[PDB]
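Asks: Here is how the chains run, residue by residue.
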Amino acid sequence: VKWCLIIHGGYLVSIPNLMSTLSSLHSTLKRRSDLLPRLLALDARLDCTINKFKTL
Amino acid sequence: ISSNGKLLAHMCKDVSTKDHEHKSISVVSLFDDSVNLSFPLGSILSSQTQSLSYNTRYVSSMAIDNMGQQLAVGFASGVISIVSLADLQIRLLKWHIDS
Amino acid sequence: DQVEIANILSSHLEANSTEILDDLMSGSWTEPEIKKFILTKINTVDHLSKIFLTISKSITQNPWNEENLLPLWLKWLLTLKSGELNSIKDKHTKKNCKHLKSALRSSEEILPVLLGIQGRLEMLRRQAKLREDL
Amino acid sequence: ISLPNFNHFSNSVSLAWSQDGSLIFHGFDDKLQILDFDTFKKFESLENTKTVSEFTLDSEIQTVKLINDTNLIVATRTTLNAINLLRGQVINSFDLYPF
Amino acid sequence: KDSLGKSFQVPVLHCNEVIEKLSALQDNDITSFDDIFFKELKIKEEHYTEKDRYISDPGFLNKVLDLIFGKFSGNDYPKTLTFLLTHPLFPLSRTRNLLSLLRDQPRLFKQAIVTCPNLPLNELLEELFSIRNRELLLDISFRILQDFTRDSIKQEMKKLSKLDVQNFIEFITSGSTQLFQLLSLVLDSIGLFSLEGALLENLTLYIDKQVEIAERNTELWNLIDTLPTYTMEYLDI
Amino acid sequence: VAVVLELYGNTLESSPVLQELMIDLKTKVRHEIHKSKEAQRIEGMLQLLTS
RNA sequence: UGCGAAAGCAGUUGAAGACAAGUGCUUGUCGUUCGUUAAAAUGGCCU
Numbered sequence: 502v503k504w505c506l507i508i509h510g511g512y513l514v515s516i517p518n519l520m521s522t523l524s525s526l527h528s529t530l531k532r533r534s535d536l537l538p539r540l541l542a543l544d545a546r547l548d549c550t551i552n553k554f555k556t557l
Numbered sequence: 201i202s203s204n205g206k207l208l209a210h211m212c213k214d215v216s217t218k219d220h221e222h223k224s225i226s227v228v229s230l231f232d233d234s235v236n237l238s239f240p241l242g243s244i245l246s247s248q249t250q251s252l253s254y255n256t257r258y259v260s261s262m263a264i265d266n267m268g269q270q271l272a273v274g275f276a277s278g279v280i281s282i283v284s285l286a287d288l289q290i291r292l293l294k295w296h297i298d299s
Numbered sequence: 383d384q385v386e387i388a389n390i391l392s393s394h395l396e397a398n399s400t401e402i403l404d405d406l407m408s409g410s411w412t413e414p415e416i417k418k419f420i421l422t423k424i425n426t427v428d429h430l431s432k433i434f435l436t437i438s439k440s441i442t443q444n445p446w447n448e449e450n451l452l453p454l455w456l457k458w459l460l461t462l463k464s465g466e467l468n469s470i471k472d473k474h475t476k477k478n479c480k481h482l483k484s485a486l487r488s489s490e491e492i493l494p495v496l497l498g499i500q501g502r503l504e505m506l507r508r509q510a511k512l513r514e515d516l
Numbered sequence: 599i600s601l602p603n604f605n606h607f608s609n610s611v612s613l614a615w616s617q618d619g620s621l622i623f624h625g626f627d628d629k630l631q632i633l634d635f636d637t638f639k640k641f642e643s644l645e646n647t648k649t650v651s652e653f654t655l656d657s658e659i660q661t662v663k664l665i666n667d668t669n670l671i672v673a674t675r676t677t678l679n680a681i682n683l684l685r686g687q688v689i690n691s692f693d694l695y696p697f
Numbered sequence: 409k410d411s412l413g414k415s416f417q418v453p454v455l456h457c458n459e460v461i462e463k464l465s466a467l468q469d470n471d472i473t474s475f476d477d478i479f480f481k482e483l484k485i486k487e488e489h490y491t492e493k494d495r496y497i498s499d500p501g502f503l504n505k506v507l508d509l510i511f512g513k514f515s516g517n518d519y520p521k522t523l524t525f526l527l528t529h530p531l532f533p534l535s536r537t538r539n540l541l542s543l544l545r546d547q548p549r550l551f552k553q554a555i556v557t558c559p560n561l562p563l564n565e566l567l568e569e570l571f572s573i574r575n576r577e578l579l580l581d582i583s584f585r586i587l588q589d590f591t592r593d594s595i596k597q598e599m600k601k602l603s604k605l606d607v608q609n610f611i612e613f614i615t616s617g631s632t633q634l635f636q637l638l639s640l641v642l643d644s645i646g647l648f649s650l651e652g653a654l655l656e657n658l659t660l661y662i663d664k665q666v667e668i669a670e671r672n673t674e675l676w677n678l679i680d681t703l704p705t706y707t708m709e710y711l712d713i
Numbered sequence: 463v464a465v466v467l468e469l470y471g472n473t474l475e476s477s478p479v480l481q482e483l484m485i486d487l488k489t490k491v492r493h494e495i496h497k498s499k500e501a502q503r504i505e506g507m508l509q510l511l512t513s
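So the protein lines, in turn, are chains V, S, F, W, B and U.
Residue 502 is where the first sequence starts when you use the authors' numbering, and the numbers rise one by one after that.
Residue 201 is where the second sequence starts when you use the authors' numbering, and the numbers rise one by one after that.
Residue 383 is where the third sequence starts when you use the authors' numbering, and the numbers rise one by one after that.
Residue 599 is where the fourth sequence starts when you use the authors' numbering, and the numbers rise one by one after that.
Take the fifth sequence: its letters are residues 409 to 418, 453 to 617, 631 to 681, 703 to 713, numbered as in the authors' numbering.
Residue 463 is where the sixth sequence starts when you use the authors' numbering, and the numbers rise one by one after that.
No lab work stands behind these hints, which were simulated from the structure alone.
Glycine is no exception: its CB is placed at the ideal position from the N, C-alpha and C atoms.
Among the hints, a few may not be true.
Claimed, not checked - Facing chain B, a subset of chain V residues (Cβ under 8 Å, in silico): (1) 510; (2) 514; (3) 517; (4) 541; (5) 542; (6) 545; (7) 546; (8) 549.
With the sequences and hints as input, model every part of the structure.
Replies: What follows is the structure, encoded as structure tokens:
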């Protein structure tokens with residue numbers, strides 16, 4: 502995906518209706534990007550527990 | 201008030217001033233002088249509820265029989281106590297979790 | 383060295399001096415030494431309250447601070463020693479916690495924007511690399 | 599889709615739509631915009647004479663009502679105004695502030 | 409849509459008397475003009491308040507603003523200008539060159555930035571990308587990001603020159632929310648082609664260390680959101 | 463999982479298998495955080511190309 | 001509780017009387033009043 506975006510970037514700029522054409526890519530990235538703060542919060546709680554029983 | 205409308209039960213605060221138990225329950229027959237009872241709430245209340253919360257001693261509902269032998273007192277903890285008015289003997293019914 | 387720094391910190395905490403912040407910000411502290419100090423050398427609720435107040439004020443006055451010793455101190459403090467910090471119900475301590483909350487809240491919104499900018503820069507690096515190669 | 603693209607957050611949002619469907623009147627906070635539906639963007643005129651698509655008002659818009667294709671009622675937190683779209687002129691304004 | 413705007417068919455106060463009194467007031471008399479105008483409107487607050495709806499007529503604003511500019515083109519501006527800058531129904535036409543005329547006076551310039559409606563994106567972005575860096579940069583950034591669409595901001599950054607874009611980039615790199636959104640808009644504006652390798656590498660390192668510190672601060676945020705057989709004991713009797 | 467950590471955090475210091483489960487779920491969470499960050503970066507790249 | 005976008009930002013719960021329990025004293029309670037903007041009676045849902 503990233504190599505396609507890098508190599509064919511100018512053609513993607515030139516073509517219009519890019520969200521409509523790449524609609525699946527946008528939503529697939531949106532879900533993963535939206536899940537981030539909950540993952541970070543769970544990471545911090547699990548850091549607390551693991552560090553506590555590691556010191557103990 | 202009973203279903204036929206001949207009997208009236210009421211619970212009153214005045215027993216707190218005039219007696220050891222806080223509240224008094226009085227059953228009066230309206231149209232004639234057949235039925236008259238007055239008893240403190242402390243006799244009805246269980247001996248386990250003094251250590252508990254105030255929900256266990258708070259009367260949220262009452263019902264009185266048409267023939268006047270039964271008095272159902274429902275509390276804020278979800279317990280229904282049916283009192284035989286002739287002998288002041290209670291029976292406990294527990295299904296309700298809330299009031 | 384580390385024991386001398388810990389003794390100086392204990393003396394400054396006892397004397398309520400302002401040098402406790404300098405002792406915490408000193409580069410003599412390493413992470414196992416920080417963990418050992420937090421595990422053993424703190425028993426006084428007043429001294430723990432004082433070090434928490436100065437750490438929280440120092441972080442709140444500059445949340446986007448490149449140094450990591452003070453955030454490491456706060457992280458290990460909250461990780462290992464939270465319960466007595468909840469028991470301390472001082473109003474100024476609660477207000478300081480709210481201020482530190484307000485200072486640290488903003489970086490949550492920033493992180494998606496910074497990640498997007500980093501992605502754009504990553505594309506620009508690899509496009510320049512392709513243009514240079516061919 | 600019309601992207602928000604703002605750091606501006608406001609619950610004072612009203613919409614109106616012309617009966618032929620050509621124009622959408624979007625009142626957001628104090629601004630009021632006219633949008634061409636076909637482009638779903640802001641209305642721009644080639645002549646660009648006596649046609650302003652954005653209205654800036656005194657307070658936040660509560661209601662936008664497009665009566666006919668001509669008359670546009672805008673209720674703010676202070677005043678209730680009628681604007682004639684063809685004329686581009688405010689017919690009359692009333693003071694709703696003491697209520 | 410075609411017929412819009414093209415029709416061929418065509453506490454009360456005396457605004458005309460207020461304009462006449464302000465005209466009779468002498469030029470460069472800031473105190474006299476302010477006293478007469480505030481006595482005519484009869485509201486105490488220097489900034490605009492919800493009380494005075496009736497002054498919001500536009501022709502009064504045009505005549506008063508023209509009289510102010512004529513009277514104090516060279517002299518110091520009165521508090522009447524401050525009140526009109528706080529006023530929401532400011533005329534659209536004056537904002538085209540408002541900032542240039544009030545650039546010399548910093549207090550009135552800042553008041554126009556933070557309160558005056560309809561400051562155009564042209565002069566706003568030009569003043570932001572100016573090399574003055576007089577710490578009003580945050581207010582200008584907040585103003586443009588709050589009041590203008592991301593597409594239009596990007597389109598105006600397309601028009602703006604590459605050198606000032608560069609200078610803004612090393613200014614950010616040397617050294631926040633509005634700043635990062637602005638940097639994202641600047642990157643979108645310059646696009647694929649034009650960015651130098653050295654500046655790009657410094658910007659990459661800067662963004663990487665900010666990502667590290669941001670993730671660290673979110674961690675701290677969520678941290679704040681977070703019978704033996706034989707026992708030998710002493711007895712006192 | 464967070465409610466589990468809140469209620470039963472003391473039994474981690476005793477039970478060894480729960481510690482192994484916590485460490486495995488930690489590694490999985492780190493992998494998913496990396497995937498989410500990568501998706502956000504590609505979303506920014508897509509925004510640069512679309513705009 | 002007030003305002004505000006969801007984020008948040010400021011702000012706040014005082015008295016009086018009566019009763020109970022413990023031991024005149026202490027503490028709690030309120031089918032009490034006045035003032036401020038301010039868990040737990042083995043007890044789970046029909047055919």
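Asks: Give a verdict on every hint.
Replies: Hint-by-hint comparison with the structure:
1. About 5 Å separates the beta-carbon of residue 510/V from the nearest beta-carbon of chain B, less than 8 Å, and the hint is met.
2. Taken as an interface hint, residue 514/V checks out: its beta carbon lies about 7 Å from the nearest beta carbon of chain B, inside 8 Å.
3. Hint on residue 517/V is violated. Least Cβ distance to chain B is approximately 14 Å, over the 8 Å limit.
4. Taken as an interface hint, residue 541/V checks out: its beta carbon lies about 5 Å from the nearest beta carbon of chain B, inside 8 Å.
5. The interface hint given for residue 542/V holds, since its Cβ lies 5 Å from the closest Cβ of chain B, which is under the 8 Å cut-off.
6. Proximity of residue 545/V to chain B holds as hinted, the smallest CB-CB distance being about 4 Å (cut-off 8 Å).
7. Checking residue 546/V against chain B: minimum C-beta separation of about 6 Å stays under 8 Å; hint holds.
8. Interface restraint check: residue 549/V against chain B, minimum CB-CB distance 6 Å, threshold 8 Å, status holds.
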